Amino acid sequence: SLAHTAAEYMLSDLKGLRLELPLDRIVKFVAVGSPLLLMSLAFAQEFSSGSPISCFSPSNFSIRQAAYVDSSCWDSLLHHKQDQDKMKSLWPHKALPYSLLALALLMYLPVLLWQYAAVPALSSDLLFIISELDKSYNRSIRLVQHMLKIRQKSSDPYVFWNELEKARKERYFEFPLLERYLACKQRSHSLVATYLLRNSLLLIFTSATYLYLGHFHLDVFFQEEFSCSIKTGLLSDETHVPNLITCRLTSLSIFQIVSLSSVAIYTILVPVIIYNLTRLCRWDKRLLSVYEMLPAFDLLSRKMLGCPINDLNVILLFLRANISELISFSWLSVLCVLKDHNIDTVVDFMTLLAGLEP
Amino acid sequence: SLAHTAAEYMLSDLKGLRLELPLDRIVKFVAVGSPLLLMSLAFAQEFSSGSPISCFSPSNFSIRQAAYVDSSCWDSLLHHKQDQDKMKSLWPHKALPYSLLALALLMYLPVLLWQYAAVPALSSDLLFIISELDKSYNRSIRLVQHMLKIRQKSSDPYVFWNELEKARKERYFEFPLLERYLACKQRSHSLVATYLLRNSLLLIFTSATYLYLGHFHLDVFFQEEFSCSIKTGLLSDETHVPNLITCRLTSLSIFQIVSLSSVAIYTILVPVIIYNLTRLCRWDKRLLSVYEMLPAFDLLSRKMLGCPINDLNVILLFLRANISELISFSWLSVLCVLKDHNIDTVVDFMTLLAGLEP
Amino acid sequence: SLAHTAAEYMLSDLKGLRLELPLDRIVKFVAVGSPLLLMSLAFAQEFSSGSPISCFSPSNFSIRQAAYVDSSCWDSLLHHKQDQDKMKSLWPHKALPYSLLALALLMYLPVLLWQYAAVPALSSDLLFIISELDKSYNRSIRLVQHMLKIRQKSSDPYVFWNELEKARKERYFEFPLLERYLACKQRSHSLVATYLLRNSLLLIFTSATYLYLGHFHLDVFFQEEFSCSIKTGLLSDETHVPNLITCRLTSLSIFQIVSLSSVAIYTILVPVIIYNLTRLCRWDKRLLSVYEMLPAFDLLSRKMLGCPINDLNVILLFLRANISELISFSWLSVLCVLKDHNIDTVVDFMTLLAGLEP
Amino acid sequence: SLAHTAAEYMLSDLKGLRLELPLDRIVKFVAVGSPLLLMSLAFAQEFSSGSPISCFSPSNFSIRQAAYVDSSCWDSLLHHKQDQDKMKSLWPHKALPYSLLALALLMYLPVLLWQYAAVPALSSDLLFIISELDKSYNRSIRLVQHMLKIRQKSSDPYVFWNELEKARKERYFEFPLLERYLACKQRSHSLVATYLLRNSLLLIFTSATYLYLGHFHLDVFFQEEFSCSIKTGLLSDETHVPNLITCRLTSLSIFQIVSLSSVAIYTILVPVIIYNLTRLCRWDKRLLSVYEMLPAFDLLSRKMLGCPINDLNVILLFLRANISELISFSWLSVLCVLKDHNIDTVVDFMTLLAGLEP
Amino acid sequence: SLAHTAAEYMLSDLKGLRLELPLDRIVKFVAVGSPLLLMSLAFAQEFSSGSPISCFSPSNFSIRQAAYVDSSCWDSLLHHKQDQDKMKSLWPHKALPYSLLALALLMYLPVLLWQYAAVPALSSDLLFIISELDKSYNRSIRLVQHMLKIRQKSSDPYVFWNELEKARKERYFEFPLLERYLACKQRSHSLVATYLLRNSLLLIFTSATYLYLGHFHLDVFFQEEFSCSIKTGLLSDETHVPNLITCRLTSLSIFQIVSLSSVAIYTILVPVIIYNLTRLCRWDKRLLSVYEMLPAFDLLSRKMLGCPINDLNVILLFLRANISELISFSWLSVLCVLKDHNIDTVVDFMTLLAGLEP
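Going down the list, the protein sequences come from chains A, B, C, D and E. Numbered according to UniProt numbering, the first sequence spans residues 2 to 14, 25 to 94, 98 to 354, 360 to 377. Numbered according to UniProt numbering, the second sequence spans residues 2 to 14, 25 to 94, 98 to 354, 360 to 377. Numbered according to UniProt numbering, the third sequence spans residues 2 to 14, 25 to 94, 98 to 354, 360 to 377. Numbered according to UniProt numbering, the fourth sequence spans residues 2 to 14, 25 to 94, 98 to 354, 360 to 377. Numbered according to UniProt numbering, the fifth sequence spans residues 2 to 14, 25 to 94, 98 to 354, 360 to 377.
Keep in mind the hints are simulated off the structure, nothing from the lab. The beta carbon of each residue, even a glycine, is placed where N, CA and C say it ideally should be. Among the hints, a few may not be true.
Cross-link-like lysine-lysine pairs, in silico, DSS-like; alpha carbons within 27 Å at most [what the hints assert, rightly or not]: (1) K245(E) to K92(C); (2) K163(B) to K149(C); (3) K180(C) to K167(B); (4) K100(B) to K245(C); (5) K149(A) to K163(D); (6) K92(C) to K108(C); (7) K108(D) to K108(A); (8) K245(C) to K102(C); (9) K163(B) to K102(C); (10) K100(C) to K245(E); (11) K245(B) to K108(B); (12) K317(A) to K149(A); (13) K167(A) to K180(B); (14) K199(C) to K299(B); (15) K245(D) to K100(D); (16) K26(C) to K26(E); (17) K149(A) to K180(B); (18) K199(E) to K299(C).
Now the stretches of chain A that chain D is said to cover, found in silico as 3 or more residues with beta-carbon under 8 Å [to be verified]: (19) 72-78; (20) 186-197.
All chains should be modelled from the sequences, with the hints used to inform the complete structure.
Dropping the structure here:
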């Protein structure tokens, strides 16, 4: 089956970076695999089909007179109703899996755009930021051994501030590339377009699916029988039934169940992407209180003004998911205690000797 | 078969950490594989089905007159009983494997939530704890060579306590990150929600399965025959049997055996998850006696107060399964001898020379 | 076939330890694989079955009139004997492989209990014992170079006993952890329960198999023909044979051969597990004579008193199978010469220079 | 299926170099895989064909009289219309997949020419250029430690220009192989021929496909029935139907859908290659402003004159895609800040201490 | 097929030791694979069987009247000859592959006993012997550098014997563990029992196969036709043929060829195992002449007395196959020149400088 190859290349399972949101991953998985699951269920295994169209041939017909009967109607699904001569065609019945696979291949386009048009630049930017930030750490670790003996023999404030103010006017304190780079990117407005188009494309795809199920479906839904004609051409000069009646389709139940499953999964899926859109309409300040005290993280919370549709918002949202990898997963995450000061000076007097790590 | 692909991705077989309990693994395996096993057994291999519905056509009928007979009833399972005109439908018979596969895919949702919503944070926390603990060991191994010559030439107490009390007021004795981190996590209450929801979801799934087997099953259980009608439409203007009687279904035995197997496995499975729930309702203190003497493990047994529903309980339960990997599998596990003191001083006088290992 | 997957996970082929007895391995292999072998032989390859039920339809019947004949009896195996109206059913014939696979999955439960409820604790205990014993060796090898020059220039007894008695009152001679650990385990009585239940479970399983072959089998054993009825319902208003006679089953020979094979293999298998049970009813003292002279092995033979149902007996039995791995496979195994003394002093005078090994 | 082998060798997935453009990759993928996808869909899985030609045999015909009827027309598709005697043949119907596979194998020829006639020379040239450029870096890194102490204690201009002008008249400043090599290649005109032929070949292939669908298709598009003759030879001395009427083809819907899919994909594909052609008609100067200040990159922007059809244009286009691999992905990409000076001297005073990297 | 699994586990392809003789390997391979080869050839591929029993039904019989005819005789192979009423049964025809697979599984029992009851002890013994022998080499290599300068400046005999006689009364010359171990094993008589039983078991198996082919075969060998009866029960009250004549079996040629192949392979196989038995009835002294001069190998040839049925004979036979692995494959194998002395002293004067190897 081609489904094996599709799963082999499509949906088959830098160097540590998380570039895609978990909710985006979930919605991608459901929207991509569900058409494939309906594909596998409808035609294979469960319902051994054989001939999806079944007919009532007259008794006088031989073997492949009736074989022509049965084989000339599946490709010519047309209801010659007596009500003039409106041949109602039954193309949705033979087009169900075709539309399913077309929808499945259509669902993956936003992934293509998000993975080709935005991944390389974002990955390069995050590679630069991780390089500068681990350099920021190893240029700051050198302060924990300068503060193991001089930090002890002095009366608290005039060594917790005298060296801190000396470090304040010292190069290691500031991170100039950080503010300049963050400015040069926050003024940019290119990455938000990819996000908005990647969401709107799947939204309009869902709308098109709704229209497809509303127009071409919902009309032949309780009809399981139709009358065809064999002398719709040169057969007229023959002595047999003038109208081949009751071509019964066998997969009406599968038709109904796949239609209801498709409509239900998309009804339950729609609100999630709307929530994803609304995630970008506000500035996140859940933990802004602790970010304003740290030297490097002060700049992140400082540039919180104006309309929130900026590349800085997207960068921050993707950084919060990567703020706990192996090294940023530190006192930062441990700092759940200052969400409720001269006492903290002697508390961090001991903590600086506690963050020795290796 | 799609079962091959499902087994290829679903249920197919950090860096050493055990994140899932063995009993959870067993219940997951049974609840996930058993629907698949019934799926494979019911339709394939064992019972070569052919046509699951069999009918008694009149003798005058030709080949595909009777083929229409046999093919127009499987999709139209309706009992036109003479008792007005209550068409009892037989949709459970054709919906058995559909419900089976839906239940199989439904069973895996709690695994999804437990593996996406809690695994990364817990794995990061355990990575931090293992890093700090192997550092705690290699900052404590340095005491076994300071105690190879000074430990020998003194009269026992005033070198088994004089150096120990000197080590007591020494930095290597205490583990400040341990108490601060353990506090910052024991006050948290986020991880227990994932556990309780992961259990309650499978519980309500089992309840829904019971309701499904109670309402839609247990009604057509001894019925193997029903009468259908062919002139339920435009067939009325034909000269044949007015009522097509005795559409006999062939898979009644498979129906019964799969129903009984499903109900029995879930009856035998229910109490295990209840036991898993009750595991979190009490504080485990089986070996608390030996934990109170060790320096680092004293804090673990010290914070045993109040209601036991805390993230600390879950962390401890997952740590006891990981307390014997390669290094914590040491004197700790060997210390099965103090579960029944100045003599132990000369016993551990020899033991400190016995724990040289490399 | 599912048999491939079962062999892939079930029965498919620490770090050197032998945790399972060879006789237990043999009985497990025969009791687990034999149902699978009968499964593979009965239904596949050898006897191409086709339709296990064959019927004699009347000549007037068309193609699938007789197809309904043949397909409505396999699922409705009931003998409407003329002797009132005792419908004797033939469910064992269609339940043979179901009972076979149920028995196959049932046979593996004692393995599950023995591998989950006792393996981790026993493995940890043996890991501790091997660590302490190879330490016992490398703290005793240091005696073969102290005895290369002082051992030579003295008149035999007053250096073969003067140093030995000095070593007797020396720390390296005794192994305190050994006696204390052996006491703390010999007083325990938990591991013997797992052994007794693992044997009794397979014993009662064999008894249940005997009951199954005695009640449901041995009754339809020479019957290859039975008469069914088609008008056991709404067929009554039809003109055909009132009683469909001679539904002949084709797999009677396979039925008989599989029944005899199953009963014979279990008759030949029963005494082995009884022998395994009787192995624990006595204290093994075959080589106790050589164990009483060695320092560490003296304690093993010293605690031979009282009723033999103790965890010490099981530990000793599993140790005798592991006493010849790579290092305990030494002079111990070589000491087959003292099973038939001042001469041995000069014999071991040369042997201590012979056990230099590396 | 041979499709598996074709995918195994064709389209199946130096040392880091990117030799093919992403848009070229996309157009290659669509133009190569789409015929294969239509191949797999048309004949396999979806539409279980059986006999693509179906006929109406007379009732008196026996089994393989009508088998000869059905088998002697698929290979002899000829419409003996009464309108003299114009036998219209139906060879497109049996030639659809043959033409599909021929087109699929034809599409890959431009890839063959582009991969054999231009890849080795271009790869060697880029290997030489990467060797000389990483040498250019490691002969320029030596300037960041000569400027760590002498760079500090002087009044800005007379050390930011005195050493720079001394470095200006110093060997490390210039890259003689660069200008000489770039001249020796920019005067060459061999590589542009491969590009233009690789595009024009697929263009004329698309034109030929359009002609094929315009002449041999679009004529038998609504015809599903034709009359053949059996006595078109030695059958004339037989008593049967003089003209075998109504040979109905079953795959008309597949014919129509594959034709429309092929024409639509090529209509949507045509403009992309035209855009690729127009990419080479202009000189790219988007970031020429920053290239004119750098020493080595000044020569790249200096030779921008005359008609743009040169090998230098192709080399530059393939270099811009490779300008961000691991080392050229540096301050170059970071230099997004000078696209909107004595202040920059003190800004780069700090930046030279910021580009220490390892 | 189960043959794939059997080959996967049975016959599918310490740490260098050769524990099984090549002739034993050959006879095992032929005796184990030949039944499997006949199994694969008889039923699969070559002769597409279908129905191994074929019957002549009367013309009036319908489809599955004759299907009952054909299906009720394969399981009821009984010749109702007119000669009273001796029903000759034809069970060998349906029991051929059953007996084949039983014989195949029976052939492997001697391998089981030889691999479980003797392999561990022999492997441990050879591990000890290889450890002591490579120690014997590296305690003897030290003589080739003591004899590089003192060996040169002396008049031959009084340094080729003066040091040799000094080495003669030196510890390195003798190997005490060798004579003591060899005595302790040569007096033992346990391993020869395993060899004799492993040969006698296959001998009696071959005798049983001969009896099986002599009694149950050779009687129905030219009979291809037999007459059965359908009214051997409740069929008597029916109007049809009183005796169903000429049930012709189709696999008589396969029967004959498999019987002849089986008897021929065992006739050609019998003498080899007799030769293997006779191998142990004599003491091998082909190269005893060179063994009596070497120090360690003198003891091997010294204990050649009495009846040859001893464990020492088996140990020597398995050692001669392992005497050329990597180190014993040395001058030993090179010493093919002393099978046809003061001249050899100056020949080995140069040879000791020639055996420097690394």
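Hint check:
1. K245(E) to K92(C): 18 Å, holds
2. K163(B) to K149(C): Measuring from Cα to Cα gives roughly 21 Å; hence the hint holds.
3. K180(C) to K167(B): Holds, because 21 Å separates the two Cα atoms, which is no more than 27 Å.
4. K100(B) to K245(C): Judged against 27 Å, a Cα distance of about 24 Å means the pair holds.
5. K149(A) to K163(D): Holds, at roughly 22 Å.
6. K92(C) to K108(C): 20 Å, holds
7. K108(D) to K108(A): 22 Å, holds
8. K245(C) to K102(C): Cα-Cα ~17 Å, so holds.
9. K163(B) to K102(C): 90 Å, violated
10. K100(C) to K245(E): 24 Å, holds
11. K245(B) to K108(B): With Cα atoms ~23 Å apart, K245(B) and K108(B) stay inside 27 Å; holds.
12. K317(A) to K149(A): 23 Å, holds
13. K167(A) to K180(B): 21 Å, holds
14. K199(C) to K299(B): 21 Å, holds
15. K245(D) to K100(D): 16 Å, holds
16. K26(C) to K26(E): With Cα atoms ~17 Å apart, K26(C) and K26(E) stay inside 27 Å; holds.
17. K149(A) to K180(B): 39 Å, violated
18. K199(E) to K299(C): With a Cα-Cα distance of about 23 Å, the restraint between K199(E) and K299(C) holds, given a limit of 27 Å.
19. 72-78: holds (count 6)
20. 186-197: holds (count 4)
This entry does not satisfy hints 9 and 17, going by the numbered hints stated previously.
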